[PDB]
Structures are given as structure tokens and as C-alpha cells.
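Read the single chain below, which is given as C-alpha cells and is the form deposited in one PDB entry.
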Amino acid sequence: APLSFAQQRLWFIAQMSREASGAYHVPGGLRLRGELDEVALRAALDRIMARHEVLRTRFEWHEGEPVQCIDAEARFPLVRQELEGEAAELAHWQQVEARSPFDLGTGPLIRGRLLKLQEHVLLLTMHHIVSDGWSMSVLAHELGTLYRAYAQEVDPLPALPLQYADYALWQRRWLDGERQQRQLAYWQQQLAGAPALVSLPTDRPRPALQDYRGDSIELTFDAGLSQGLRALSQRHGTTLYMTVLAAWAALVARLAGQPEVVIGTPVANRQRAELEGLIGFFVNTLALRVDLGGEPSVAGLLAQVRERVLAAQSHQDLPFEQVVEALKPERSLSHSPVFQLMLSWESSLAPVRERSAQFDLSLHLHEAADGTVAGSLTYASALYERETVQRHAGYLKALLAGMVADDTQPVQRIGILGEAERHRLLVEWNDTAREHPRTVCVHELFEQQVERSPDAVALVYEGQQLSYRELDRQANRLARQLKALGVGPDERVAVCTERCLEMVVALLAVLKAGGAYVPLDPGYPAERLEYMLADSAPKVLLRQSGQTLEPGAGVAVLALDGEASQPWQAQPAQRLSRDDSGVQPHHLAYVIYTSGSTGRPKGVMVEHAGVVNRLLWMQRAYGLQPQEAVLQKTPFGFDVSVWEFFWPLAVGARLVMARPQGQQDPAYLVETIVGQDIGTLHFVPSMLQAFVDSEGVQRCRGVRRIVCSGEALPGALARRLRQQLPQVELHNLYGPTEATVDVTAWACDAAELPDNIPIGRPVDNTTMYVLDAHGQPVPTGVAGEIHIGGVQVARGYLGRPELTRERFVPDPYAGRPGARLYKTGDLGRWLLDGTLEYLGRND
């Protein structure tokens, strides 16, 4: 049972308060090994309390603003504990200790949980309004020294030079001065026009409200990589933090497809030596804008990062909140402002696993004792899966290694893919090899079905019917007349007719005569039909009676129906032998013209073998049975009609030829579906929308399969079809004409359909590749240009050899000499489940 919209948002609002309870505290712990001497702790504990004025400072409202109340020096509030277990005891105790809220009014802001587990567990906690990250590190310096003094006080040994109230009084004057304005002018200039949101590929769409659920992984740079990065940093004058910042910004810009990347970094902001050792809120955030346009080298990028990091650390006094309200006074609610990725360098007991994510990714790294670099990468679980973050950390380590190998190469072309993912992308997700007969042509699939069911119904048109044997005999007669007119292998036969029984007779007869058919839709303007008729240079024009299209140019014209078609009824109805025609699977099956994009239409030459594979895959995936009917509704100038014609005829089903221009009657489609028991039909998504919006669509409960292709299928439309026809199996198919109708398919059978309906997995004997501008495979989730391989790649464009070599390129992956890929010009990406997602056009 789903929650309402008001209930769903109110839940996320209530959990932001739970996120605030844990993220506004500074937890920590220390393992104590030594003689049981509590007699020295309380003396050492209260000594650090009274030493720093912030440890006992209270806050409250007075005269419309929060006031600072310096309190009389008090004692430490420690709770006695006696541990009872191990795993569940320590993990839960240490968790609720950090999540236990304080009170800014009364009650102290330093909290401690001590326990005897000889050996004691000393948990400490401070509030962020009186401390930060460093403030606990100096809390460990004093606590360790004061216990030593109380074992062998505070201020007399080494007094503190200042207290936080003096820093706040100084900041109040600095914020009003002209140095604040100039630092505000630099940050307004540095981050002007910066990308508001990084487009890192996410495994799930970004929620409307930011989800603070977080998880983390562990990553380390081994002794070799940490050593090489130190030498690389020495050679370019950068520190080890700047070298990692350059690599991470280089990785993110490559993964997100953006030129610039903004990465945040927390700084202590204790620039003045007086503030060192003091306890309080000093940490500030700097937004680092790294540009990567122009394809810089490793040295050029490190020099850019060297300039921007130094300039950022010189203007680190301005609060980051004032940077936002100046640049972005109008911000979003689904992501953090200015930046969404943070890199913290923690150069130096241990804390627990970070389960909160204030940003998309937060990379924490530190320099270990053995010279190695270790840390964690915390990610928002609502955006990324764990395996995606692990591959992300692998890319960074791979990119850092390449920078050490050569600091002069282009940084954005360094290989980052691991061998496991590369093999999965290229081979494992393309394991579509299926054993189909590579010796059969398209018309022979029909002829084999004629022998199995000669008296079964094959064609239906406005009451007229043709059985499999009757259709085959009619096609054989016309095929012999075509053979007498020079039709043979690779020769074209133009066909100009409206939908009728004779349309299918013509197509089968051309294929039987060994030629390739060229569909000429009479609805197109005469100028277009005359160009395609001249460009294809056919041997014969099969013309329906009433059509006035005249080719000239020595082209033979045969009447397809009417009284003028009677002469070729005298031909014998027997089948032409395999040698009488001479056609083979590598010969052309049809030439279908696409309008290109802007200009003259181009004839796509498609061979028999690819069409047979496309048809044989469709039956294996969907199992069309002889008793079913398919509706021939798509104009035969579109290659969708190819499987509408030849899929049912190859398996024993019947094909219902829709009325010409019949859908002009708004009720014709529904009445024909019900009246003819239509089980399978095709829609382009724009036409499917009109179908689910049409009157009486719910009467079509007998429909079995709806194939969608040609456009992007919106998930809302797919979900609308379920509500109207709960029984129909919806399938999303993708593929251009140059790859034989379709090459990927995705069943819309999931219990919950996404808004972006995937185009799916490659079909039988077909391969798919997502490549960058240099023909290299991109990481999972990264957008790139779709390339198609396998048997369904067309021969090329009829009469345009230069465009053919431009879009039909050698296949370097198939391991087969002579194989070719088709560059689609479409943008796509792999999902982590091995399915493809259409994203749009490359241009």
C-alpha cells in the first residue's frame, strides 16, 4: 500500500531531523590500557573543562538573538558502564552515544561514556557549536598529558593564549570590513557560471528531496602507488591532496560528461598560529572549481589545480554560507548547493562506519603510518549501489597510477576500466550467439511453413482469404514472370501498391525470383516516389491498378492486380528451384529508404541472412502460434512491416491486412482488433498514446503482444497500457533500419515500471557497444554512442559508398575478419543489470 504524496514527503521531512541529530555532533573514543586509576581521570577531565571557555559555554535566546553565556567552571558528566558482550554491545553503545542529543540551553555540551570492559573504553562526545574535527584531536592531546600529570595542573603547566569568544569578537569585526568584501568578490568571480549540479551517472533517479541515507566503502593506495604519487607531487610542487583532487575531478568530469567539476573540501581555517590548540567551531568549506576542457595533460591539470588550491586557501576566511547566498540565493532541494562531491584530507581507537551522506560522494583520505594512503568513500545509498561506488574507487586508483606512469599524456584518455568490467561490457553482456540455419532465405521460411500447413489461413483482407498454398502458388506465378524480366540476385523490384492481398504476393514473388523489393508507399508525394524509383534502378516495377507511377528508363512495369495482371496467371504455380533463381542468404532481401536526416533519402540494402535472424529471434522470444493473428497496420515503407509480413508467415499464423487509410475512421482499429481476434500488433509510442486514449480500448482484452519501437517509450505510457489492458505483454524494441528493424528488446513485465523504459539486451547473434569519441568502451553508466555489430548490420547505402564507409566501420571486437559495426548516432548507456538505456541523439 503506497503512501500519499503528503505522507511520503512528510516522512522524508521527519527523517531530516533524525539526520540532524547525528550530523551535528563530534564523536570519538580512546582505548585505555593500563592500571585501573580512575583517581586521576576526574582531575584530568575537569582540568580541560575549565581551561577552555567553550567547554562550559551555554546558549539561549535573549532580546531576539542568541546570546553567549559564560558559565561557572563545572565538572564532567561521565556515565558508568560495565560492558557485557562484544559485537552488539560496543556497536550499539557507540552509536547511541553519538546520536544522543544535547541541550544548548542547560546541560553541558561535552559528554562521556566510560566503562570497564584493567582495560577501559573511554568514549567522548562534543557538540559542533563548541568543537569540530580538530577540536577533538587537541582534546586528545590535553587528555593524554593531563592524565600523565595526574599519574606522576591544566592552565599553570601550559596556559591557552586565547579563547573562542575573542575569535568570535574578531570575526564580527572582520566580516564588517573590506577584506570580507574582497574575499567575497574573488569567490563570486571564481565560481561564476559554475555547473550547479554534477551529472554523475546514478543507478536510480535523483529523489525530489535529498535522501541522507549513506554507506561507505574502504579503499587504500598500496605502498607502490603512494610512493609514486609522492614523487609525482614533488615533481610538480603540489601536495598529495592536490594530486588526488586533480585525479578525482578528472574522473568525475569523464564519468559525468561535463567539462567542469566543483569539489568541496573542509579546511581547519586556523591559519593564525594563535588558533592552533584551541577548541571551537573553526572548520570552513572551500569550493574548488576544476576545468578540464581543451584536453589538458597530467602536468597541465596539476598546474591548474596548484593555482586554484593555493588561491582558495588564501581566501578561506570567508564563511562558505556567504559564498552560497551570493552566488546561488536560489537553490534546489534535491542536492547540496554549489558542489555535491567532497574531498577531505585527514593528514596525521578509531571511529565507526559512516552511515550518513550529506553529499553524493565524500572521499576521505589520510596518510597512514607505513606511508600508505587509506580512507573511505561515503555515498548516498539512494543514488548509487555499492558495486558502482567500488568501480568508481577503482577508476580513481587506475587514473592515479597512469598519472605516475606518464605525467605528459592527456589525462582524459588514461585507461580506467578494470579488465573484469571490460570483459563484462564487451563479451559477457554480448553473449548472444544462437545457432540458426545460415543457409535459409526469407521466402524459404514461408515455403517451409506452406509444406507444414498448406490449408491453414495465411492472409485476410476485407473478407477475402488466401491459404498458405494459395498464397505460395500466386507468388510462384508472379516470381516466374519476374524471372522472365531479368529479376535475380541483388536486382531490385520496386513495389507501389496500397494494402491488399496482392501486396504480400508481390513481396514474396520478388524474394522467390531472387530479387530485393523496394516499397513505394503511394501516400508519399510523386517527387519522392520518382526519386526512389530512379535511385534504386529496379528491373521491374510492380504496380497496383490505379497507380500512375511511370519509371521509364527501360524499367519493366507489371500490373499487380486488376485485369492487366491476368497474363502472368498463365505461369505455372510450381516453386522455382534453388538454382533457377540462384539467391543466397548474403544477397539482398529489400532496399528500404530512410529520409536520412535532412536531404535526399538513402536506400538501406538489407541481406536475407540478417532478416532471417531477426525473424527467427522474434519467434524464439515470443512464440507466435499458428492459431493467432497479426495485424498488418504499419505502412510497408517502414521496416517494422518486415516482421509484420514475414513473422506470422514463417510460423503458421495468419496475417490480417488492415484497410488502406482505414485508421482515418477513429473506431476502425478497435473494431478490427475485436472482430478479427488480433493478438499481436505494433505501435510507435505516439500512436500507442492515441490507442490507450481511444474509446473502446478496454474491449481489446484478447490482445497478447504489443511491440513498441521507433521512438522513446515513456514509462507513464507503459503504465497506462497496463491499466487499460492488464493482460497484454508490452515489449520495447530498439534498432535503426541499418541494423535490420530491431537489435535490442526489453519486456515491460516488471511489477514497477521505471520512467525511462530500457531498450533492453541485444537479440540473437547481435552485439551492442557504447563507445566514446575515440572508439573506447566507457564505464558502466557513462553515456556514449551506440554501435551495433553482428549479422543484422546492413550491407550499406545503395549508391552512397562514402557515407557507407563513414557509418559502417570495421568491427574490432567480434574476432571475425570482415565484420562491421554500424554507428547509430544514438546516445546510450549500460545499466548495472546488463540492460541498455536510450538517452537521445548524439547531436
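Residue numbers count along the first chain shown, from 1. In this text, the rigid core denotes the largest set of C-alpha atoms whose superposition between the two forms falls within 1.5 Å. Compared with the form deposited in another entry:
- Here the rigid core is superposed between the two forms, and of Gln181, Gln304, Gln663, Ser137 the C-alpha of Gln663 is the only one to shift by 2 Å or more.
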Given for the second form:
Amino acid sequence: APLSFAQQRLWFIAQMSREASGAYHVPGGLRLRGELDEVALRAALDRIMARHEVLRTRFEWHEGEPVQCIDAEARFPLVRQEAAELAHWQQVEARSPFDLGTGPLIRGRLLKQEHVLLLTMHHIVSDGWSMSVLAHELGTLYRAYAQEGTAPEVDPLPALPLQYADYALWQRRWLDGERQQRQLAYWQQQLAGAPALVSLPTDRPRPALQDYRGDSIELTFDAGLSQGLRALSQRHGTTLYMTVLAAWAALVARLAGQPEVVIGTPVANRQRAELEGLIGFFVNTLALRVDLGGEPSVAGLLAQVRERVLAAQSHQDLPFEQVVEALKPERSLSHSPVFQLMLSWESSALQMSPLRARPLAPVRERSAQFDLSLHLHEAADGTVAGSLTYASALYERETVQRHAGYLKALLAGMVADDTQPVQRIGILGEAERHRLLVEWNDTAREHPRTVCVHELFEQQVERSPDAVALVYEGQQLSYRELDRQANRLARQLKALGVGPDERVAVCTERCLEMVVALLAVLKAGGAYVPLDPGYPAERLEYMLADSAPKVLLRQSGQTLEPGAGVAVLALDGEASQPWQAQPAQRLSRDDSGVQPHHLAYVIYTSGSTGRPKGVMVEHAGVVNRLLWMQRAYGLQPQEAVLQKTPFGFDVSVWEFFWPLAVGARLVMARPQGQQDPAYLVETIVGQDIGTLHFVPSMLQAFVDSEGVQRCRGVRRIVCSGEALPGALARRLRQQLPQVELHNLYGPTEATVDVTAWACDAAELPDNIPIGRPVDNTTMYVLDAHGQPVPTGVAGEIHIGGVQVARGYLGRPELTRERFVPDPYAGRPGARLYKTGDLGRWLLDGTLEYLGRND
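Form deposited in one PDB entry already given; the form deposited in another entry follows:
Next up is only this chain, free of partner chains and other molecules.
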């Protein structure tokens, strides 16, 4: 049961109101493990109450603007009430709403020698630094009150040199002057043109409204890495924070595929020594734009980050909100402005001045104001530890864990060699590298590697010679009748010099004799070259001359004349009768001499921008492609497949030879029949079609056609050639609830298809994946240097395995460029095909097509 659009909208808005409850509070606590002297503690809390003027301040509405009201004689409120209770009592105290009109804006919690001294302040009167000052004065005041009786333990001995209202009066005048205008001018130029949104790969699409649900992981830099990072930063004059910022920016730019990254950082903004002991709202945010173009070195990047961090810290008085208003007066509501990743660097003055006061550790962060929030601090033992909070709507936990692993690996590389290119440092762990290269390519399947394409058909003829094999416009041929017709023509082709790796061009519209021709060429040991008569004459004549075939099989009525010594054989009509005198028995395997490594066909590319390339495809890869398809989908002998794809596209290869290898019948659609919506529906129903192919644009026309809901006998619809929108997949489910939808992907240079994804999930994604590699086929997503990229990162798709084509006919240079040695398979001579397509691995080990690399 789904919510309406207005219900879902109001829910996300109502939970953003839940974000405005605890995200504006500054919680904290201390553990008391000593004598119970609550008489001195209450005097210590009330002493810091009356001393720090901001703690006894309320806020009202007075004539169209908020005003502050400083009250006198403020009493500290404290409530008096193992693992489950302390955790529940903590965050509910941290999520306790305060009243800004009445106060108090600072509360506490305590109960029963060991006690729990919880404390919470509102962000309008405090910040991160304010809790450290609150804990500083509490330990000193409880100590002085535990020594002997006092009345002003902190009022005359260390008084406040400046109150928060004095700071606000100074800031009100500073914001009106020119110093504020110069700092705004710097930030205007420093961040002009920066990317508005980091393109970090997300496990789920970014919601329309920013989801603030968060979770966090812990990460640690051991003493070895921390020591090396300290020495690295001393050598380059950077701080330990600058070195981590340089590494994280280098990692994010590499993961996102963007030249520069913006990372925010909160600063204390207490540069003047007059404010360092004050309690109040002082924290400001700085946006750090780190550029990684030009492939810098580790040393060069550290010098850039050192430069821009010092420049940012010189202009840190300007409020970050005024930077956002100047840069992005119009801003998206699905992500934070200017930056979406924050890096906070915490420190380690004093600690526990009273007695046995332990700093209570904060609860695990569950609110995500940004996409990623990296918190780090230098522990006492020199090790660097912290947390990485992530937005649950965007990332899964394992993705964030691998993200932290890349950062630690990149930091170790920067220590190992600060002179190397920073963006080529290895970051993948061995576990993920093995999963990407091996585990997700575990497709080895035992198929007979000694059988050719036509022999699969011949083996089926012996199993069911009288079953129906081919249907065309009221005519039909059994398996035996089709085999005999192909044998006669194959012997005629053999008499004309057809043999291993020789080409035979075939120019015909769809009919029974089209399949006779294709099988006869294969039986004669040659490779067929489909010449679609619908193509322009210039294109047909080029492919006819480029392929240099021994024979042209031509349908009667076609006028294509090769000349050049090419033998022309009539495919049908009265002129084809002479080769009916050939014996109908099969040619022996030695008579043709064809082997699985010989060519099965040469199919030319589109030639959209130049001359088409003849893709040379061998028998063994086609056999693997066909045997996988039967293992995946289980086509049965009583089923029918529709031959509707023009046979110049290699999708027709499985339309032709998959049913004929397994006992099903192939229904040859009328020429250009797929373009008639009425004919397609009537043929599907009339001929009991169970399986057919659509490019997504034509599947859209199919589901929009009249009477599409009559096709409830359809079993499988295979999609390939374009991106398949999830909306179209859902639309097909509504029209035909029984049909199985499968999304396939693969170029001609890798034998028809190499990945497949069944669209059988209860809820389908907006972008249908291309899936997992097929049998004996491998897939790789590599960067510009041939290295595997992290999971989710976009790179160029590479294809390995037995289906990689032999190359381009007559174009050895281009073949060497796109068919490169395979460095993974462990097989000598194996090759990868560079697709020129962009893609990425998903979490579940499925591939996603992202477009062309250029």
C-alpha cells in the first residue's frame, strides 16, 4: 500500500521538523566516580550560570525583530531520576526541546559511588567549544568548592574579559564595514565556478527533498600511519588536518569523476584571545575548493591545500550563510549548498580538573546534515580516530566502509612516496579487487567447444526430423526438409570454392530461403555476410566489395551485381532450380573442413560516421552465445520464436539459430512486418509466438499499440540496443502481466550479447541494469590507465572471454586498437574488446550502462 504524492511529501516535511528538534542542541556529559558532594556541585552550576551572561539569556519578539533579555539570578535546573537506560536517557535528553522565550537554555540530568552528570545547551547560546569551557569551569568550580567554602570561586579570580553581547555588538558593526566586504569579495572569487553538487556514486538516486536520516562508522589511523602522516605533513609544512583534507579531496574527485571538489569545515572562529574562554555561538564554516586537474603530485597537491586552507582561515570572520547567499541565491533543496561533504578536526588545554570526572562519549550520530561528514581527532597515544557519518538514503553501510578504506590506503601511499601522481595511487583493497575481477566474473560453464553453429541445428534434426522448423506466410519446412535444402545449396557453394573463412554474401528479404542460405553457407564451411536490400545501393556495393566473397546468394528480383569474379547464385525462383539436383545428404566434417575457430559470419557496423566495418565472428563464440541463451531461458520444442529483426543486425543471429538448435520453430515475419502494429499483434496471436525481441523504442510502440493485451501467450520479451527505462518495463507488466522481460547488452564485436538482467523484481528501478556477464564471458570497468575502479565508479567497459570477435575485416590497425591483450584471464592470446561505453558496477554485482565514453 503506497502513499499518495502529497502524503509522501508531507511525511518528508514532517520528518524535517523532527530534524529541527535535536540538531540545534549541544549535548554532553561527565561521569562522576567519587564522593557524593552535590552541595558543591549545585553551587558550581549556579556559579557558571550567573557568570556566563549568555547562559541566563532569553529571546522574545519585540516589534518585528528578535531581541535578547538578560535575566538576573538564574537557577540551574537538574533532574534527579546500565547500557539500555543510559543510552535511552542520553539521546532523549539530547532531543529534549527547549523554550527560547522562557528558558532555561542549559539543563542537566543526574541520578545515582558513581553518577551520570549529563548536560545540554541550546545552540543559540553555545557550540562545540562552549561545552569544553563548561566542562573546564565545572571541574575547577567543583574543586574549589570541595576544598573549602567559597562564594565567588570564579567571579573575581578569573572573571570574564568579554561577554557574548559585547561580541555581538562588535560583529554588528563589523558586518556593516568594509572588512566584511573584502572577505565577501575573496569568497566570491575563490568559489566562483565551483561544482554545485559532488557527483559521488550513490547506491540509491538522490531524493527530491534532502533526507536527514543518518548512520555512522568508526575509522582509525593506527600508530604507524599516524606517525608517517605527521612526518609527511612536517616535511611539507602542512598540518595533519591539511594532509587528510588533501587526501579526502583527492579520493572524492577520483570517485566522483570531477576535476575539483569542495569540502566544508567548521572552525572555532575564536581567533582573538579575548573570546577563547567565552561560551556562546561562535562556530563558522569554511568552504575549501580543492582542484585536482593537471594530474598533480602528492607534494604539489599538499602545497595547494596548504595554500588554500591558510587563505580560508584568514577570511573566517564572514558568516558562511552570507557566502551561500552571494554564490547561490537560488539553491536546490535536495542537497546542502556549496558543499555536501564536511571534514571536522577535533583536538585533545586540560582534562578532568576536579577529581574522577570521565568525559562521557557521545552517542553514535544518526543525523546526516550532509552526504558525508568525516570527524577525526588526535588521540593521546598519537593515533588518529573518529567517525564517518553518512546519509542512509544515499549510501549503504558497505559502501561507506569501502570509502574509508580508500582514504586510509591513499594516505599510506602519500606517505610511501610524496612525489608520485596522487590520482594513480592504488586504493582498492585486495578483497574488492578480487570480487570485481574474479568473483563477479565467475561465469565458466562447460559447453562443447568442438561444435559449429550449423552442427547444433544438425544435431537437432536427428532428434526431431519431422518437427516444424521454419514458418513463412503459409509455407513451412520441417527440420529434415530444411536440413536437406541447406545441404543441396551447401554442396553447390562448395563447388564454387566456399570454405573455411571464405565469405558468402546473402541479399534477400525474409522468406524460407533466407534461412536455407544462412545454413548452407555455414554447412559449406564459409561465413555469411547479410546484405539487407533496404540499404542504399552504394552501401550494399561497398560491403559486397569490402567482404570480397566467393559467392553472392541473391533472391530473385534483386539487381545487385558484384562482378569482380564473384559467383552469383540464385537463392529462390526458377533460376535457383539447378542446385536442386545436388544430393540432399550432409557434407562431412572433412568435406567442409570448418572448425569452431573459423568465421561464422561477417556483419558490418552501422557506419554512421564513415565506412562500415566488417566484424569477423567465429563459430565458437556464437555457439557459446546460443547455448547460454538456452540455459538461461529454456526454450522448449513446442514453442515459437518470431524472426522480426533485419538480418543485417546481429540480434537476428539468436533469432535464427537459438530455436533451430533446441527444437522450437522459427516464424519468419513478413518483410517489414514489425513496422505494422496490426500485423505484429495478429502474427503473435495467430502463430502462438512465445519469444521476440524489441529495442526499447519499439517496445514502447508495442505496449501503445491496439490489441497488445491480446498477446497473453507471449513468454519472453528480450530487450537490447537502447537504454530500457523502468517506466516502460512497468508499463509492459500492466499490459502483459505474464511476460518475462529480460534486458541484454552487447556490441557486435562481442557476439550479440554479453550481459543479461531479468526484470523480475517486484519493484523495478528507474534505470534498468544491463546485468551480469553470460557464460564464459567477463566484464571489466577500467579507468584511463586500464586499472579497475572502485564499486560504483564510472569507467570504460571491457569485454573478455570466448565471444570476443576476431576483429575487423581488412582493418588490422583498428583491430589492434580495440582488441587488446587480456591481462586477467590467465590464457595466452586472449583479448579484451574496448567498447567505448561507460558503465559501473552496482552493489549486487550487476552492471549499469552510463552512455558513451566520449
